[PDB]
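K.L.:
Starting from the given sequences, assemble the full structure and let the hints guide the process.
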Amino acid sequence: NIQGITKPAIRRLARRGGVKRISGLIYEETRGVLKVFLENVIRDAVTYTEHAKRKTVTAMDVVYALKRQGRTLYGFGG
Amino acid sequence: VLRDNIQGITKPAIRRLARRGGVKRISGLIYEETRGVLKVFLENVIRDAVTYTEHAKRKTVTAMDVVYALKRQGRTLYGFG
Amino acid sequence: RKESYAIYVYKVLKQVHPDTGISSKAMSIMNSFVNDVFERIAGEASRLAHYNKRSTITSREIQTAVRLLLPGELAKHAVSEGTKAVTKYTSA
Amino acid sequence: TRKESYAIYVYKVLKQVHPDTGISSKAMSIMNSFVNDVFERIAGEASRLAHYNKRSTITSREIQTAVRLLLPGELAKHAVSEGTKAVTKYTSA
Amino acid sequence: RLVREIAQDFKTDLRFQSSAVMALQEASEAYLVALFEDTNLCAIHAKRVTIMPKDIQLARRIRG
Amino acid sequence: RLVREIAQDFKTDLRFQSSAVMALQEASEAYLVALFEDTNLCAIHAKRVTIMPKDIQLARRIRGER
Amino acid sequence: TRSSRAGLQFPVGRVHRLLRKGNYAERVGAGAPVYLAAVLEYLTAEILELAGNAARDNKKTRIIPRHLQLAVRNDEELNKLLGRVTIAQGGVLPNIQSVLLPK
Amino acid sequence: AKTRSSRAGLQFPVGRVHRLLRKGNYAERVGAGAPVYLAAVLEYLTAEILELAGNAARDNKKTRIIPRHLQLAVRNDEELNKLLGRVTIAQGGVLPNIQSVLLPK
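Chains A, B, C, D, E, F, G and H supply the protein sequences, listed in that same order.
Counting from 1, position 29 in the first sequence corresponds to residue 29 in my numbering; the numbering is continuous, with no gaps.
With positions in the second sequence counted from 1, the corresponding number in my numbering is that position plus 78.
With positions in the third sequence counted from 1, the corresponding number in my numbering is that position plus 159.
With positions in the fourth sequence counted from 1, the corresponding number in my numbering is that position plus 251.
With positions in the fifth sequence counted from 1, the corresponding number in my numbering is that position plus 344.
With positions in the sixth sequence counted from 1, the corresponding number in my numbering is that position plus 408.
With positions in the seventh sequence counted from 1, the corresponding number in my numbering is that position plus 474.
With positions in the eighth sequence counted from 1, the corresponding number in my numbering is that position plus 577.
Careful, some of the hints might be misleading.
[Said to hold, decoys possible] Simulated crosslink set (DSBU-like; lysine-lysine; CA at most 35 Å straight-line):
{"hint": "1", "chain 1": "G", "residue 1": "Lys495", "chain 2": "D", "residue 2": "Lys254"}
{"hint": "2", "chain 1": "G", "residue 1": "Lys577", "chain 2": "C", "residue 2": "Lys184"}
{"hint": "3", "chain 1": "H", "residue 1": "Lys682", "chain 2": "F", "residue 2": "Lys462"}
{"hint": "4", "chain 1": "C", "residue 1": "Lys235", "chain 2": "C", "residue 2": "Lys247"}
[What the hints assert, rightly or not] Across the chosen pairs, the derived CB separations fall in these ranges:
{"hint": "5", "chain 1": "E", "residue 1": "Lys398", "chain 2": "D", "residue 2": "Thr339", "range": "50 to 56 Å"}
{"hint": "6", "chain 1": "A", "residue 1": "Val36", "chain 2": "E", "residue 2": "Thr394", "range": "21 to 27 Å"}
{"hint": "7", "chain 1": "F", "residue 1": "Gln425", "chain 2": "B", "residue 2": "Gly86", "range": "18 to 24 Å"}
{"hint": "8", "chain 1": "C", "residue 1": "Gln174", "chain 2": "G", "residue 2": "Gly565", "range": "41 to 47 Å"}
{"hint": "9", "chain 1": "G", "residue 1": "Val566", "chain 2": "A", "residue 2": "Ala52", "range": "49 to 55 Å"}
{"hint": "10", "chain 1": "G", "residue 1": "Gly487", "chain 2": "D", "residue 2": "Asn287", "range": "35 to 41 Å"}
{"hint": "11", "chain 1": "G", "residue 1": "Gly487", "chain 2": "E", "residue 2": "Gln361", "range": "28 to 34 Å"}
{"hint": "12", "chain 1": "H", "residue 1": "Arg596", "chain 2": "C", "residue 2": "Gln174", "range": "17 to 23 Å"}
Simulated from the structure, these hints should not be mistaken for lab results.
For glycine and all other residues, C-beta sits at the position ideal for the given N, C-alpha and C.
P.N.:
Okay, structure coming up:
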C-alpha cells in the first residue's frame with residue numbers, strides 16, 4: 001500500500017519542486033511525511049462524516065478538513 | 079544644548095534577545111537586519127490595530143485593539159484581555 | 160438546484176476579455192474564491208460588530224473589514240469601487 | 252461598570268485541586284483569555300458544523316465533535332468523558 | 345488504495361467519492377511540491393546540491 | 409518612541425494606552441526570540457555556529473514571510 | 475433589481491440573502507450588500523483580467539486552472555491574498571535556483 | 578438545587594455560558610445540553626493547567642502561581658503545547674534549551 005508511491009513518483013514530485021539530486025533516504029522519509037499528512041487530514045475528514053451520520057466521505061469533507069488544517073483548496077466545491 | 083538624537087536604537091537589546099533565544103556568536107550585520115524585521119512586524123500589527131481605532135471612532139489606540147490585531151496576525155497573546 | 164455566481168463571472172469576463180472563455184474546473188475555482196472572500200469579509204465584519212457592542216453590520220463594518228483583509232492597493236481600489244457603487248445606489 | 256470574568260470559578264477549581272496555592276493578577280487575566288479562546292474556538296467550530304449540515308441549532312453533538320477536532324487525542328477523550336458525565340448528571344436531576 | 349488503507353484504521357466499511365480522493369491527491373502533491381521547494385532551499389543553504397532527510401526535518405521543524 | 413513613530417505614518421494625532429505599548433513589546437520580543445531560535449538552528453545546519461543575515465532570511469522564507 | 479441600481483453585475487439581492495442566512499449579526503445594513511458585491515466583482519475582474527492575458531500568452535481562448543495559478547502568483551498582492559490557498563490543477567511557477575544551473 | 582451549575586456538578590457558570598452562546602451570533606437556536614457540556618470542557622482544561630501550574634509552583638518553591646509557572650506548565654505538556662501553539666503568554670519566557678553543538682568541550 002504505502003510502497004505504491006516509489007521510485008519515479010517520488011522523483012517526479014522532486015522535479016516539479018526544482019530538486020536536482022535526490023539522496024536514497026529521501027524516498028522513505030517522503031513516505032513518512034506523506035503518511036502523517038494523510039493521517040491528519042483524513043482524521044478531520046472522518047470526524048465530519050461521524051457527525052454527519054454517513055458512511056461515505058464526500059468531497060466536501062476533504063475540503064473542509066483541509067480548511068481546518070490550514071490547507072484551503074479551490075475546485076471541489078463552494 | 080546640543081541635542082541631535084535618533085530613534086530605533088536597540089543595539090545591545092538585539093544581543094540580549096539572542097541570548098534568550100540561545101544564540102552564541104552574532105555577526106555584525108545581524109543587528110541591522112534584525113531592525114528591519116522588527117519594522118515590518120510592527121507595521122503589520124499596528125496597521126490592523128489602527129484600523130480598529132478608525133472603525134471605533136477613537137483617537138486612542140487601546141490594548142484591546144492590539145490584541146485582536148495580534149489575533150488577526152496569528153499572534154494570539156494572553157494577559158491584556 | 161445549486162446556486163453559484165457562474166453567470167456573473169461570465170458577464171465580468173466578457174466585459175474585460177470578450178474573446179475568451181473559461182473551463183468548468185476554472186469556473187468552480189472562481190466560485191470557491193468568491194465564497195471564500197465572502198466568508199472572510201462577512202466573518203471579520205461580524206467580529207467588528209461584536210467588538211464594538213453592535214447588532215448590525217453596516218457599510219463601515221464592510222469597509223474596515225476590506226481594509227484588514229486586503230493588502231493596501233487591492234484594499235484601496237476595493238473601497239473606491241464599493242463607495243462608488245453605494246453612492247450610485249443611494250442616488251436612485 | 253460591571254466587568255464579568257471567570258475569575259471566581261478559576262479560584263474554586265484552583266482550591267479544589269491545590270488548596271494551598273495562589274495566583275497573580277497577570278496570570279489570572281491570562282487564564283481568562285484562555286477560557287475565552289477555548290470558548291470561541293469550540294463555539295466557532297460548532298457554528299460551522301451547524302451551517303455545514305443545514306441546521307439552525309447548535310446542540311450537544313456539535314460541541315462534542317468540535318472538541319474532537321480541537322483537542323489532540325487525550326485532551327479530547329477526557330473532555331468528552333467529563334462532559335458526557337455532566338450532561339447525563341444534568342439530565343438526571 | 346493507500347488512502348483507503350489509512351482510513352480503514354479509523355472506521356470500517358467506508359465508501360469514498362471519486363472527487364474526494366482527487367481532492368486528497370491534489371492537496372497532497374501540492375504539499376509535497378511545496379515541501380521539496382523548502383527542502384531544496386535548505387540543502388542549498390548548507391552549500392550542498394543534494395537534498396537529504398536532515399533538510400526535510402529542519403524544514404518541517406521551522407514550519408511547526 | 410519607536411512605536412509612536414510607526415503609528416504617525418498610519419494615522420496622525422494618536423494616543424496609546426500604556427498597556428497597549430506593553431502588549432506590543434511582549435509580542436515583539438516573543439517573535440524575535442522565536443525567530444533567533446529558528447535562526448540558530450539554520451546556522452548550526454550549515455556547519456556553522458555564527459548567525460548571519462542569510463540565516464534569518466532563510467528562516468523567514470521557510471515561514472512563508474515574504 | 476438592486477444590482478442594476480448600483481451598476482454592478484453581482485447579485486446584490488443574493489448577497490443580502492446570504493448575509494442574513496449565515497448568522498453574523500442581528501441586522502444587516504442596506505449599503506453593505508452593494509459594497510460587498512462591488513469588492514467581489516472588482517476582485518473577479520482583477521483575476522479574469524490577468525487570466526485572460528495568460529491565456530493570450532499560451533495562445534488559448536478558454537481559461538484553464540493553469541492560467542488562474544499563473545495570474546495569482548505573478549501578482550504580488552493576489553499571492554498574499556491567496557497565500558494559504560491551493561488551486562486544483564494549478565501547478566507551480568517555473569523556478570530553478572542559480573546554484574543548480576549548469577556552469 | 579436552583580442553579581444549573583449545581584445540577585451538573587460543575588463549577589463554571591452554565592447560565593453565563595448559555596447567555597454568551599446565545600449573545601454571540603453562532604446559530605438561530607441553542608440546545609439545552611450545550612451550555613453544560615461546553616462548561617465542562619472549559620472546567621477540565623482549566624483544571625489540567627492549574628494542576629501542572631501548581632506543580633510548577635511547588636518546583637519553584639512559591640505559593641502563588643506566576644505567568645512563568647503557566648508557561649512552564651503548558652510547554653512541558655505535549656498536548657497543551659499543541660493546543661496553545663499559536664499563543665504567547667505574557668511574562669512567560671522560554672524553556673531552558675542549549676543545543677548540543679553549542680556546548681563547550
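K.L.:
Now look at each hint and say whether the structure bears it out.
P.N.:
Taking the hints in turn, this is what the structure says about them:
Restraint check for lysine 495/G and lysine 254/D: the C-alpha separation of about 32 Å stays at or below 35 Å, so the hint holds. As the CA atoms of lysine 577/G and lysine 184/C are separated by approximately 41 Å, the hinted pair breaks the 35 Å bound. Taking the CA atoms of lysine 682/H and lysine 462/F, the gap is near 28 Å; set against the 35 Å cutoff, the hint holds. For a cut-off of 35 Å, the pair hint linking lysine 235/C to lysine 247/C stands: about 19 Å separates their Cα positions.
At about 51 Å, the beta-carbon gap between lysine 398/E and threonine 339/D stays in the expected band of 50 to 56 Å. The hinted range of 21 to 27 Å is satisfied by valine 36/A and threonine 394/E, whose Cβ atoms lie roughly 24 Å apart. The supplied range of 18 to 24 Å is met by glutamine 425/F and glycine 86/B, whose beta-carbon atoms lie about 22 Å from each other. Between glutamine 174/C and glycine 565/G the C-beta distance comes to about 28 Å, which lies outside the given range of 41 to 47 Å.
A beta carbon spacing of about 34 Å between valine 566/G and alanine 52/A contradicts the range 49 to 55 Å that was offered as a hint. Checked against the hint of 35 to 41 Å, the pair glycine 487/G and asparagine 287/D passes, with Cβ atoms roughly 37 Å apart. Restraint check, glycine 487/G to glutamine 361/E: a C-beta distance of roughly 32 Å satisfies the suggested window 28 to 34 Å. At roughly 50 Å, the beta carbons of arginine 596/H and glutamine 174/C sit outside the given window of 17 to 23 Å.
Violated hints, listed in ascending order, are 2, 8, 9 and 12; each of the other numbered hints is respected by the structure.
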